[PDB]
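J.: What follows is the residue order along each chain.
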Amino acid sequence: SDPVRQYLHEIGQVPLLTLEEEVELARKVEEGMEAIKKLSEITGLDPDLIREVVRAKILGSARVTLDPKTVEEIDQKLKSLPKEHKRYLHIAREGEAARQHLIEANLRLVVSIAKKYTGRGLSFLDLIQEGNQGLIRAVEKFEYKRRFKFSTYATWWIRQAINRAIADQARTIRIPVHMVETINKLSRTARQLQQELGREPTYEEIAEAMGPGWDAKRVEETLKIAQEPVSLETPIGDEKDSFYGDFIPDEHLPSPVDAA
Amino acid sequence: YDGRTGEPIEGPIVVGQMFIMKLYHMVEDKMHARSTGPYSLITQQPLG
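Residue numbers (the authors' numbering), protein chains in the order written: chain F, 78 to 141, 150 to 345; chain C, 975 to 1022.
If we strip away everything but chain C, and leave its shape as in the complex, we get:
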């Protein structure tokens, strides 16, 4: 059954238990932004 309407999905649906793991690639550790910051010594370009 669809939770938004209460009407059934028009066809039978495969349903069952699955083993699922969380991977260490998390958005918390990857989101990054910069306006201005430190620069390199020689090229005077932004650091990485």
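Extracted from the complex, chain F is given alone in its bound form:
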């Protein structure tokens, strides 16, 4: 049990990296990327297709839209390159291995970033998985030439993915991202106004502090739209025998008196 401890154990089973190993891995993935684009332009095939087939071969048959016959036939079709071209394949494969190794090594940075986003409508493991997606994206778009540390560029992508996940999955009734950030800014302004005034602000103060284009009706509408629904199974009374839905009548089906 306790899946967080299991995930932490699995993540700690992979050792960390030094600067030299990190730059080596990044250089290898960079050369693998350059190799796959070179191969794609040489053969005239879609770079995404060849990258997917190459990575499928690197993973193995364990990873079952492309029939096995298809990927195998393409793999034999890339075995028709005389020389100075199979080097592209080998560099690409080593780059894919470098990508995997780097992601596995730096998943702990995802954990470290995500551990301070708990308590906002998403469980810790969901935050970790969205951070992992962001880390994969950052590994995809990292340029090691700048001599910057891996975490410096990875942190922005991880935080962006986490914030997007909070905005998109925290509420049962979906609210778009712009409205979500508007609501957060409204709440922050309200709390600063409460701190300064020494009491709960009125809608006029919040509208004034928002800026141009904000009036009391607009803040009232925003606050009305920002309410989250309650459960039909909320316990009513001290004893464990009454639910909320016990007080909700049906207004859709006609009554016996109405039907007659």
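Since the hints were made in silico from the structure, they are not lab data. Every residue, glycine too, gets a C-beta built ideally from N, C-alpha and C. Please note that the accuracy of each hint is not assured.
What the hints assert, rightly or not - Derived contacts from chain F toward chain C, CB cut-off under 8 Å, selection only:
{"#": "1", "residue": "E290"}
{"#": "2", "residue": "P334"}
{"#": "3", "residue": "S340"}
{"#": "4", "residue": "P341"}
Said to hold, decoys possible - Label-pair ranges, simulated between beta-carbon atoms:
{"#": "5", "chain 1": "F", "residue 1": "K325", "chain 2": "C", "residue 2": "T979", "range": "54 to 60 Å"}
{"#": "6", "chain 1": "C", "residue 1": "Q1019", "chain 2": "F", "residue 2": "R205", "range": "36 to 42 Å"}
{"#": "7", "chain 1": "C", "residue 1": "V1001", "chain 2": "F", "residue 2": "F332", "range": "21 to 27 Å"}
{"#": "8", "chain 1": "F", "residue 1": "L308", "chain 2": "C", "residue 2": "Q1019", "range": "16 to 22 Å"}
The hints should help you fit chain C onto chain F, whose structure is shown.
T.: Structure of chain C alone, referenced to chain F:
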């Protein structure tokens, strides 16, 4: 003495002052009846 007949009760009766209070359980607040009415959302059974 019995008020219906005027004859006495055949034995002496304990009589005296007692302090008695009215309790909030009143029949006015409890009498209830229904023929038909609102029904529950899911089970479509009468409400409680």
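J.: A separate judgement is required for each hint: does it hold in the structure or not?
T.: So, going through the hints one by one against the coordinates:
Because the closest C-beta pair between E290/F and chain C is about 41 Å apart, greater than 8 Å, the hint is violated. Here the hint on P334/F is kept, as its CB sits about 4 Å from the closest CB of chain C, short of 8 Å. Taken as an interface hint, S340/F checks out: its beta carbon lies about 7 Å from the nearest beta carbon of chain C, inside 8 Å. Here the hint on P341/F is kept, as its CB sits about 5 Å from the closest CB of chain C, short of 8 Å.
Between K325/F and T979/C the CB atoms are about 59 Å apart, so this pair conforms to the stated range of 54 to 60 Å. Taking 36 to 42 Å as the suggested C-beta distance range, the pair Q1019/C and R205/F conforms, at roughly 39 Å. Checked against the hint of 21 to 27 Å, the pair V1001/C and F332/F passes, with Cβ atoms roughly 25 Å apart. In this structure the hint that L308/F and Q1019/C lie 16 to 22 Å apart at CB is violated, the actual value being about 36 Å.
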